[PDB]
Amino acid sequence: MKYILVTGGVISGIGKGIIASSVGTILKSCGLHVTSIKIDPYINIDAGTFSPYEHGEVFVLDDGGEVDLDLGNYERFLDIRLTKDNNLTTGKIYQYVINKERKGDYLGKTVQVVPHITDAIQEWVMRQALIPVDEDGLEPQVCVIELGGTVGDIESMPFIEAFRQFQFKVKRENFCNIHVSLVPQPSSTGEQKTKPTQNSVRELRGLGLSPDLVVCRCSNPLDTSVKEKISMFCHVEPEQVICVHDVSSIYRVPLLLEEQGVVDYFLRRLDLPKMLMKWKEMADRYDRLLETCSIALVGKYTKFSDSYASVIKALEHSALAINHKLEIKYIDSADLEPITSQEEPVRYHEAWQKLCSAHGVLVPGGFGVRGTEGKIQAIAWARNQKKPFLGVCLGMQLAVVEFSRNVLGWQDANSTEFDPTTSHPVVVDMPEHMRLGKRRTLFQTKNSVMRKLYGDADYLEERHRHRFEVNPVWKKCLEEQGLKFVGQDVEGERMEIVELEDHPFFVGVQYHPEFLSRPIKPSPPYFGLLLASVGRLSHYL
Amino acid sequence: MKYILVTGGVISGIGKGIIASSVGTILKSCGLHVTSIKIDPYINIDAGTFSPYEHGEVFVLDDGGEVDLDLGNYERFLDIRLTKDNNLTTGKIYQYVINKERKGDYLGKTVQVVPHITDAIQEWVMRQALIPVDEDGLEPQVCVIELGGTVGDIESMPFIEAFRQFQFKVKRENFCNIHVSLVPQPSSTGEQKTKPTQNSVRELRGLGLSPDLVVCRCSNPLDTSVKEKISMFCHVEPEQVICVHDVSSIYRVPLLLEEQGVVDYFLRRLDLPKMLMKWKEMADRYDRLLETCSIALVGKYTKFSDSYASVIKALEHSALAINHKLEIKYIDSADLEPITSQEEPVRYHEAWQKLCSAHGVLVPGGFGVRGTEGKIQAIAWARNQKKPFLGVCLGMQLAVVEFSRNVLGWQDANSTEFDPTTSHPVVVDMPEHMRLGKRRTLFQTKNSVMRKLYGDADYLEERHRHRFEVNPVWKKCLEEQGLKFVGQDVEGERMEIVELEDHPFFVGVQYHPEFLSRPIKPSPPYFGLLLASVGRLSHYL
Amino acid sequence: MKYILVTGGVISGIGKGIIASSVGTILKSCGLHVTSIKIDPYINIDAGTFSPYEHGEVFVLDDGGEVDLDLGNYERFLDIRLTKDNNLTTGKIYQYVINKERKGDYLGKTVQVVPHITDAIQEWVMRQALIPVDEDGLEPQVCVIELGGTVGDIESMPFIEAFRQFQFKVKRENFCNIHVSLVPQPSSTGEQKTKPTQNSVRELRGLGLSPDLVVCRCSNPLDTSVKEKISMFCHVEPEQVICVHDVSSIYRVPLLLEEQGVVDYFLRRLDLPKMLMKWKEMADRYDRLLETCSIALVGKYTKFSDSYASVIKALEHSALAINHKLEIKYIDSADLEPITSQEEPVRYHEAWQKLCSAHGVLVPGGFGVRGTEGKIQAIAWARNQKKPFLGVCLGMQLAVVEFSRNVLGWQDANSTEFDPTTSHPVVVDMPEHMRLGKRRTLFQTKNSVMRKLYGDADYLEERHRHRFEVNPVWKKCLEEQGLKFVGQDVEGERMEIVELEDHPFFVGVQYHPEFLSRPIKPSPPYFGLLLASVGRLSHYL
Ligand SMILES: Nc1ccn([C@@H]2O[C@H](COP(=O)(O)OP(=O)(O)OP(=O)(O)O)[C@@H](O)[C@H]2O)c(=O)n1
Ligand SMILES: Nc1ccn([C@@H]2O[C@H](COP(=O)(O)OP(=O)(O)OP(=O)(O)O)[C@@H](O)[C@H]2O)c(=O)n1
Ligand SMILES: Nc1ccn([C@@H]2O[C@H](COP(=O)(O)OP(=O)(O)OP(=O)(O)O)[C@@H](O)[C@H]2O)c(=O)n1
Ligand SMILES: Nc1ccn([C@@H]2O[C@H](COP(=O)(O)OP(=O)(O)OP(=O)(O)O)[C@@H](O)[C@H]2O)c(=O)n1
Ligand SMILES: Nc1ccn([C@@H]2O[C@H](COP(=O)(O)OP(=O)(O)OP(=O)(O)O)[C@@H](O)[C@H]2O)c(=O)n1
Ligand SMILES: Nc1ccn([C@@H]2O[C@H](COP(=O)(O)OP(=O)(O)OP(=O)(O)O)[C@@H](O)[C@H]2O)c(=O)n1
Ligand SMILES: [Mg+2]
Ligand SMILES: [Mg+2]
Ligand SMILES: [Mg+2]
Ligand SMILES: [Mg+2]
Ligand SMILES: [Mg+2]
Ligand SMILES: [Mg+2]
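Residue numbers (the deposited numbering), protein chains in the order written: chain C, 1 to 273, 280 to 439, 448 to 555; chain A, 1 to 273, 280 to 439, 448 to 555; chain B, 1 to 273, 280 to 439, 448 to 555.
Certain hints may be false.
Note that the list lumps identical chains together, so a pair holds whenever it fits in one copy or between two copies.
Listed below are the simulated DMTMM-like cross-link pairs for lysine to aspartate or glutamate, each with C-alpha atoms no more than 20 Å apart in a straight line [what the hints assert, rightly or not]: (1) 109 - 70; (2) 490 - 503; (3) 100 - 155; (4) 193 - 203.
By construction, these hints were calculated from the structure, which means they are not laboratory data.
Bound-form chain C, shown alone:
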């Protein structure tokens, strides 16, 4: 295999994630089988411990591995299936080496950072690079390693010392290093400054890695004088100082790297053996579209953005296929809840007008009681006014709660997550042993609109993250009315898809459809919500 390391310079927030994803995209565009690793030197073993209010969302892989945002960013740009240990937190390396120590797999010797922690990193990177990450099942040709933190941070030291040794145990024709740096342009004079990137390359070169390529993050483009001054102090030609100026959308970043010849460099620096034309047309569509559509996102985490990162990406990937300029109407369910009337009716009334003015409504997941009755009111409005609706994870469970509350007329109908004491308890904690990762789902009807949206095959494979399901005893009486349990687990144990037959478009799904969305192709539930929202669904079918 060939390996590319991406390292960070002056600060974090220079965009290593979009550069590593773009390097993966331009290499994928050559017909190479690319793979990726995210190294991120925090102590957490996996993302399942993270608070979604604080860190942003938790991504889910086919394994049921709960992982950081940036592996979803790799799956979206590279079009691949990743594995739980292509995320390489430092806490996993220390736990792995400690377990070998306590078992005596090191034979009574003192176990040490540079001979052993630093060697487990090199073994893990070789091991996780060879696995078949592509849907063809082939062993990959090139691995892109992104290293989190910045050079000279003490958290990065085990990994930079591992890659210092790595570039010799794989020969130099098989290992390459990209350095990303800030190039300031202070408003006091408007001159572009190379001084902090000279220090950053002196530090990386002192730790024993030389940049094969230096990538400069700045607002305006680099001039000729700055590319020559960086070439002098960083020991790279003027042609190997790359510029990443600001652009209208992330889809242009692969195109900057192609037009600056970064692909024509790696196909000689690593002696390696189009998709970007679709990517260029997609980038031009995003810029030129003006006709607009607005979707209500009714969610408790809306005090931060990246708590819904894959959902808003899946909507955006659908909106470009719909050829409409999307607006997210963010709504906090705790404002929409009736109780806001007892503190300030203006915040209640605007949460309602933000919903009522939307072309359609979406209910995303997220555990715990806060704002849950506000989601029941959003669903009740969506069913009563017949504006199009989707619910994912909790959005399905809350749809059967609203239908049982208002259509079956059970005034105390609730899930046993929010209150175990009610009569008619319609949803219950039903362990799989949590239902996590890839699982099969079977269609139990031919009549469903969701069946047509998935391309009319008899089964799905989708990614789950839940423990609560609809009660089999109340399920009997719910299907006597307009609510249809369209899709189920492999011998009918658990409800996976629900649809309302009386309504233009109203559905719930137990899984997360957002993780399987891609820039070239949206996942069917979100594309169905937008097709119904612009009213074109009946023409599309």
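Starting from the known structure of chain C, arrange chains A and B with the ligands on it as the hints suggest.
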């Protein structure tokens, strides 16, 4: 509390362990309750994984914590009882923080090196400093922290960043830093060189700690010009550059630090509130004694020295109380074993002449078959020729094997560690649930010489590390002859001391008497071996 | 041209001068035209300001350039003629660039360290490398640059930044770097330590130079484990870690570098196109010779060694051609002076017995009054007792003072350097405009022994450094007796050689014969002193 950090300069092997122990000794000599921490950034959780052939011996604390050599060095110089977590390996800090992460004791936040690993180090140091390490049961006044590795090693970075922050959360009147450096004197010119200690203090000062004291390791003493040149570049007065030249024994190092005023510095730098006169007389005795005694150490690990470090220290502490200049006659049991006659009888014959010329013989512990029949031949010689004998751990088990083999006449008598298939199996694996750490032992007779050596109290408290004991069924017939089981577990379950009544001095003990030896006072079994070896035991009693 | 840089690691005093001279010698031995530069970042323009009591001697080139010791060391090992600006003090570079600034040769721009001082260094090195330093008059193939100070010293920064840029403006096949490091072996454990050379290569690699070769200075040889540990951290193969252990004489150092394949490395690393057999035989002669000869060196600077460095080298180069193991009997002229009898006659009497027991006597140069009458007493003894004598510079002037004082009977005869007030003033300040550098000398007789020693050609070319000469008015009457002015300036203006015809060997020369001495061939005056001292001169002629 007050804290003193000891940090290492140009190389390891400059003697931080003897400097940190000497700083502890001069502070103990002021009437302060001192305590110590050894930080050692290898990944091993505790010493129980170490091979004794490769790392040297495993030390045992009252807890049954298996720990590194340097906590035994602290117990010997400071005269204290340490706890298993006054050894602070980096693998324990990462396992501690990973366990808090996987439990959710960090509330969904990303867990990170500088905010969290670096803070668990500061919490652990405050927590383990306050515990009552003295036999008076009092909370200590000053903690000496020794940091393993050297400044600028990547393994040291979490700990130097922890102490960078620590010196502010405890105020400056409560934290102090000693730096130990090499001062080369190359034979090409014979001038003393300060250049590598100037770089070492620039690096430590860049990581955010300033030396309060610089200690120079060199062969000859420092001159006035070098103390002034170090004072200029290291920002310490000429009076705070300390010299540690070569000396005849470790007992002089506390005396170098007193005569250079290091105690008169800390009692002002830390605003803190004799034993060294006994230490000075002990150091002069070691130098002036010329009458000599030689002891055979019959042991499988003798291809290295520090595999018996506490045993040879306990013999040396006894030899100064005996007023004789000791010789260790090291013997490999695998050379002494009869089988050497089938490869080269010269190596067999010299192993025998090294034994036969000794004034007494000692059998130390260590698991596995290698050379075990050679120890049976050493014990058989010691019983037959009536030269004085001690066995510790295996040395007791092998003494009852030899006595049952040759006196009871059982030609296949063996332990079930070495062969489970024999008739008359005299020793068996008898779990305590391994018998580890401090335990009580009771005397079952008044007639024993070992009872008189321990000062004629009815019980012992001693440190164990074993799983094999004498069979209760064969024990019955062994005491019909000259072999006496002098001492036992608290209701007679297990045999702890054995003595032979027919012999000038021949004993076995199940515990490790060496860990309770001190420079001022040897532990009784080794003092008994030497008193019998010089023939003075009968006069002493 | 090809360039080799020699850089210093952990301390100064590791022997860069003998390594750079040995690299020059093994390359000279291939038939390459080698040249050398000594860079030495002190502020002095040239050596003429130095006190010979404090810095050691001043060397003289053919130009009359007064230069540091280490260009004499290059002339001796490489067998070449150097030029005044192959010594590259930092004060010359700053004065050169300041003069271009004050003339306006930089066109009104701000003149700066990295664009301009750092570029004048690269221009000076290219300019002084191309000049014909060999006696064949050919342009050299390879330049050895030695850089004084150590890496990370602030004085070295302009030069390490110059060579960082230099390795790209000459292509990599034309520039190469040797790093010299200390490898300590502290007596506390006897293990060899690589840690300070790992830091030194991290620092040099951070300043932007990588070692092509690492040379380790240590007492004992390197083991296999240390060559592998240095190969890991320094990015050079185990075969490019070179060992320079201690040896009996400097003549073995070129042989260490050949047998470790350093010549077989540069002839591939630089793609470049025996003498060492004579060098090996010379090194074996120095070790095996046992028959001994002792020479009195009567000199005011004898409180230090390198104040006579070329004189004692010229004696040693003669002693190996004489096949005798030399002893230097150092004598201070101020002890030998009669006045010592008024403070302590023991120091006077031993200075006399040190002279009287010598096989011959030498009087070296050095301005000012101190001890001058003691030299007159040494010369008076040498003439009266007829032990063989040489005087150089002042030793000629003082010989005519002694001859005029005692043979012409002028009781106040003196030079006007020491007293201008006397009658019969025999030596006077006679400016050439000081007489410095290479000049011609003509023989004025066929009868001289010095003429036979120089190979009986009618003229000499020799190196001068003086301003006082014999008075032409007293010269008339001196040659009426046994004192003969053998050699003179090109039309008889100044006296250059004197000889006494009544004596076994007694001569004065105005020039410094020591600077033209070489290991393979001594200069004639010193070889004449030793041939007369062992009595073999009459057989040799
Ligand atoms: N292919 C990508 C890469 C990044 N992003 C988004 O861009 C933001 C962060 O960009 P990133 O490249 O990861 O830079 P930072 O996170 O700011 O900084 P870092 O280099 O440390 O990752 C996040 O919302 C991330 O989800 C994205 O939408 N698509
Ligand atoms: N001397 C330091 C300082 C910080 N960190 C690491 O820095 C990481 C966070 O990176 P970054 O956000 O770039 O550091 P900040 O201090 O937050 O820098 P900034 O203010 O620019 O955000 C943390 O996980 C922490 O372990 C480190 O290893 N060594
Ligand atoms: N109070 C002490 C301290 C040290 N030693 C012994 O001295 C040797 C090592 O000395 P030490 O001070 O620990 O220096 P090093 O181990 O060589 O190096 P370091 O500073 O890293 O510990 C070991 O045999 C150790 O047991 C001893 O007998 N008594
Ligand atoms: N931070 C420093 C310290 C010293 N020097 C230089 O060091 C040179 C002398 O080198 P060296 O003898 O090796 O330095 P010392 O301080 O004398 O080191 P040592 O004690 O080993 O002799 C001086 O000319 C001085 O300019 C420097 O440039 N920068
Ligand atoms: N070819 C050589 C080289 C050195 N020396 C002598 O060796 C001593 C110093 O050796 P050197 O190699 O120059 O090392 P140092 O001066 O000690 O240190 P440095 O590397 O800084 O020059 C001086 O007396 C010098 O004249 C010599 O006789 N012949
Ligand atoms: N860049 C490095 C190099 C080494 N180490 C640490 O160095 C420790 C051993 O210290 P030391 O013996 O002093 O290092 P050596 O390489 O063995 O140095 P030396 O050759 O002098 O023995 C190891 O545990 C290793 O983790 C480190 O952290 N960072
Ligand atoms: Mg990122
Ligand atoms: Mg500028
Ligand atoms: Mg130690
Ligand atoms: Mg110096
Ligand atoms: Mg030199
Ligand atoms: Mg080591």
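To see whether the hints hold, each was checked on the structure:
With identical chains, the CA atoms of residue 109 and residue 70 are at most 20 Å apart between copies only, with a shortest distance of 17 Å across copies and 37 Å within one. Taking the shortest Cα distances, residue 490 and residue 503 sit within 20 Å of each other inside one copy (17 Å), while across copies they are farther apart (70 Å). Only between protomers do residue 100 and residue 155 lie at most 20 Å apart by alpha-carbon distance; the minimum there is 19 Å, versus 22 Å within a single protomer. When the C-alpha separation of residue 193 and residue 203 is checked against a cutoff of 20 Å, the pair qualifies both within a copy, at 18 Å, and between copies, at 19 Å.
Figure legend: structure checked against the earlier numbered hints; every hint is met.
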